[PDB]
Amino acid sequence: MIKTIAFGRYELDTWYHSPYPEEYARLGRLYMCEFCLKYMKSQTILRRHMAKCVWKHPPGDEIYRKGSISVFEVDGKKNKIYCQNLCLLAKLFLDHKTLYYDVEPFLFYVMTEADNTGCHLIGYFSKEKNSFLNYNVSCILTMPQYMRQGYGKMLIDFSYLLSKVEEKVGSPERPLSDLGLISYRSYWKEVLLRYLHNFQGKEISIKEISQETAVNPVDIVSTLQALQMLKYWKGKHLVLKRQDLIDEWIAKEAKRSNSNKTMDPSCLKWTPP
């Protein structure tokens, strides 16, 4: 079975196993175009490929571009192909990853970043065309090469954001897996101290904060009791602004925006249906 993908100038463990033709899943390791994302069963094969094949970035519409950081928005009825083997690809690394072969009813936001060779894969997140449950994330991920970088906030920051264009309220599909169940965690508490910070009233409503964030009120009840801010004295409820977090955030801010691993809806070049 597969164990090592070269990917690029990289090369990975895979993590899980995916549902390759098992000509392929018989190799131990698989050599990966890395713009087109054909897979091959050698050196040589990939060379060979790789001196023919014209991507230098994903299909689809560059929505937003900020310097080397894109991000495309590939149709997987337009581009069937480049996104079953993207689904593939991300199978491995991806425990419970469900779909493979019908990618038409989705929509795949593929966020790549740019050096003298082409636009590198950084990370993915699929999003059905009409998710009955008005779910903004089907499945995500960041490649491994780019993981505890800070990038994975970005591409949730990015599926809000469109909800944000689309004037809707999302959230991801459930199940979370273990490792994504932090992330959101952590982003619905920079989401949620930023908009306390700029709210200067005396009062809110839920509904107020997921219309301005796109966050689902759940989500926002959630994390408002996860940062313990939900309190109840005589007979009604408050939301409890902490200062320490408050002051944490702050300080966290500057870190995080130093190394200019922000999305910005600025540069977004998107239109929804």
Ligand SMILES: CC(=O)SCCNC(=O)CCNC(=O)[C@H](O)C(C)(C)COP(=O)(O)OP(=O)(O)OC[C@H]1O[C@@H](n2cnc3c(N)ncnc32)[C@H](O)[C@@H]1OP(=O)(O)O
Second form
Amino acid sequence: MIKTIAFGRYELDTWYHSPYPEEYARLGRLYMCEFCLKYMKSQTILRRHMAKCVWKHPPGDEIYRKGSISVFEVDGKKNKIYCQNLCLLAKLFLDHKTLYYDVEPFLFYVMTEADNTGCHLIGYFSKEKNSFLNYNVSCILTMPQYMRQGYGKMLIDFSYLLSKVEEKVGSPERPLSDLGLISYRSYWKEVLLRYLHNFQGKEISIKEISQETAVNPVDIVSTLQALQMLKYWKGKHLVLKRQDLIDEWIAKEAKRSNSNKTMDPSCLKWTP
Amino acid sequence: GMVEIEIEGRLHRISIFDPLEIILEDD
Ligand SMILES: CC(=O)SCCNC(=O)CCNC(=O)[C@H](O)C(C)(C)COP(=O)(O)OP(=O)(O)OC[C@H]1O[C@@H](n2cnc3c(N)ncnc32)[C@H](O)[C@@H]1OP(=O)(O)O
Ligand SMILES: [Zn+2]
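Next up, the form solved in complex with the named molecule, please; the one we just looked at was the form solved without the named molecule.
Expanding to the full complex; the earlier chain stays at the top.
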């Protein structure tokens, strides 16, 4: 019954049960190494570990870097221990996360922010190496201390950048958590309105939008419906560009320039 | 390559491949 964790300089309340070994669980308090994600039972043991631990960032390859923001690609097979610890840590904040131990079939995309002591964990998403259903995200998490600052949408944007470069369309693995659904709705909205703002033509197929954005046709239609931009006039379906939504976006996109909370495709260095 | 949706009380079936017209809020 873990209530709290000490993670670097933060003290975080947990949301859900995670299956940590019982003799850790019963303390109700875990001390975590912020770099290798090893869990320990006291401050003093943590302090001892930090003196020995060489890790200043996630394992795997740094495939994105824009200044202090990185994304590391970590192979569940090559770095089993790290990926399990990450999954156990994630399940403290995920209601729905199934698995924690069998991480070999998964890639983990771990987003970090650098300061003078190292590259600190912001969040991550996991991805099946080979998904039967072409899911481009399995679970996604922003660490609580970083929530609602724009990092989540950057992680989501990053998941779709990978899909674009793979020349696939993608979708998050069902089921979507409540906060998952909200974040994805905000992102889908943003990219759909951006597309329609830039697009000059007289008509588009859902297919064409999906091809550009890597977003799944169903998710596009779902968003069009959400914004009440699908209509039916004289026996055919029309995309209705709402002026309120247009004006709202250019306003929201005027503050997106000075935000710095943006994934920049030119800062990716990756091949599947 | 279809989808089902309810728009203002009606129920509709929409193709993914068919181009749909873009309107700029007219009658
Ligand atoms: C397939 C799956 O993995 S589904 C599981 C998803 N993961 C989880 O539920 C685990 C816990 N949740 C999280 O870690 C986070 O909520 C995430 C990853 C879903 C989103 O991360 P964040 O860093 O908070 O996202 P970001 O800062 O980019 O904000 C995302 C959008 O969601 C909204 N949002 C985020 N949290 C909340 C909240 N508690 N209440 C209302 N809105 C919220 C933001 O307002 C924004 O939308 P807007 O621009 O339309 O207002
Ligand atoms: Zn360590």
